[PDB]
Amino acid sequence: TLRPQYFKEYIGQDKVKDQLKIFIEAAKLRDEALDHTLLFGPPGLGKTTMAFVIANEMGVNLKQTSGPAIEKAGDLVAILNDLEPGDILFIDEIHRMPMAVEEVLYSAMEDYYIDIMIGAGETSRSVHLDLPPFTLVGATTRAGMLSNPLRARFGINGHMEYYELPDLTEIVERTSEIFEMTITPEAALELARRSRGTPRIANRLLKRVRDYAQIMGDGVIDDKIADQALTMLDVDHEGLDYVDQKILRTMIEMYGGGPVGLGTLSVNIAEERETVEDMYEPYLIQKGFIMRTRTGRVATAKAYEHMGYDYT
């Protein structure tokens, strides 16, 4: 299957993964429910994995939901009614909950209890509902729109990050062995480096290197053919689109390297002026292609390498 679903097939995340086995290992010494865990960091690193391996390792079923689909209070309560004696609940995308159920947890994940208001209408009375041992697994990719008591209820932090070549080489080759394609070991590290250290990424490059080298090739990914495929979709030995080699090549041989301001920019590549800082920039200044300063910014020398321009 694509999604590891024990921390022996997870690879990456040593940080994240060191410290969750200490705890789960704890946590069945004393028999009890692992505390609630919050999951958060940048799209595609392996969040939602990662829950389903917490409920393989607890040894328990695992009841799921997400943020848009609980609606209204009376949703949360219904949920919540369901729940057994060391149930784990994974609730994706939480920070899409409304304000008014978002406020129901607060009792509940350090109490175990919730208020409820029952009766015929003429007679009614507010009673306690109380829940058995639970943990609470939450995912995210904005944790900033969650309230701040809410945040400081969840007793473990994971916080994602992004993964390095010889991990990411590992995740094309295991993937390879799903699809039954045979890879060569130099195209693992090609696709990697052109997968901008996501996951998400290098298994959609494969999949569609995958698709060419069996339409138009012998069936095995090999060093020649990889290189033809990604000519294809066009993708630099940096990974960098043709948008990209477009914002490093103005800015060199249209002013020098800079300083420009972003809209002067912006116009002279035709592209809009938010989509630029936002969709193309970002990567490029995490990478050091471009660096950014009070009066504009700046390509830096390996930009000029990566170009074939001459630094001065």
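Residue numbers count along the first chain shown, from 1. Basically, rigid core = biggest C-alpha set you can superpose within 1.5 Å across the two forms. What changes on going to the form deposited in another entry:
Core-superposed comparison between these two forms: the CA of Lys63 exceeds or equals a 2 Å shift. In this overlay on the rigid core, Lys28 has a C-alpha that sits less than 2 Å away from its partner position between these two forms.
Can I get the form deposited in another entry as well, since the one above is the form deposited in one PDB entry?
Shown next is a single chain and nothing more.
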């Protein structure tokens, strides 16, 4: 499998790995579970993979679920009963869980017990459950999304960042070693430069280029071959997606560069507001294609020269 299993295999995120190593080692001298950890940042950067590594280092099983998957208190109660001592519970998009369910975790995380009503009619009665020790791992896009009473109960916080070209190059070379394939260093660098700094995209592109090199080439990935393969896909010469081009083009042609609010833009491009906010705007801002102002977003001169317009 492609997913790393141990910290020695996990490339990048040095600042996070440095802290997690110290807290995991200390928690292993003492015979007790690790404090609840919260990971936040852009999607697709590898925070789920981090949860598996933690479980393998602690030597316990990992269970996985998501906020939207829990709708009533009976769901969360049934899940917690299925945990063994020291197990790790991973909850994705924890910010999207219902408020009536969130207030059930408060007692579970802080004191390991839950008060519940059971039975029906004359049998209806309250019960006091006593849970075994466990570690919760939460995932969310931003810290300001969660309520103050919940955020205060997490003991560890991790912020994850985009990968740099030297890191993605090694990840691409690693992946191209599990597949019995050959890639030249110049090709690996070119393929990485197109991957928007995100490891998930890099794995998807490498698969498609591998197919093209088998049917349309000599079975080896080279700069001349990779250039054509990526040109056949919609990936621009600097990684911009077709959805990215739609946004930039709309701002210049229909809005004249702005200012425009992301809310109004979303309905004009027919994209869900949460996707443009969480997936597309973050990269476009951190790379100078879009600028933010008090009134709204504005396209920079770099965008005009890229899309082929005149920065009048």
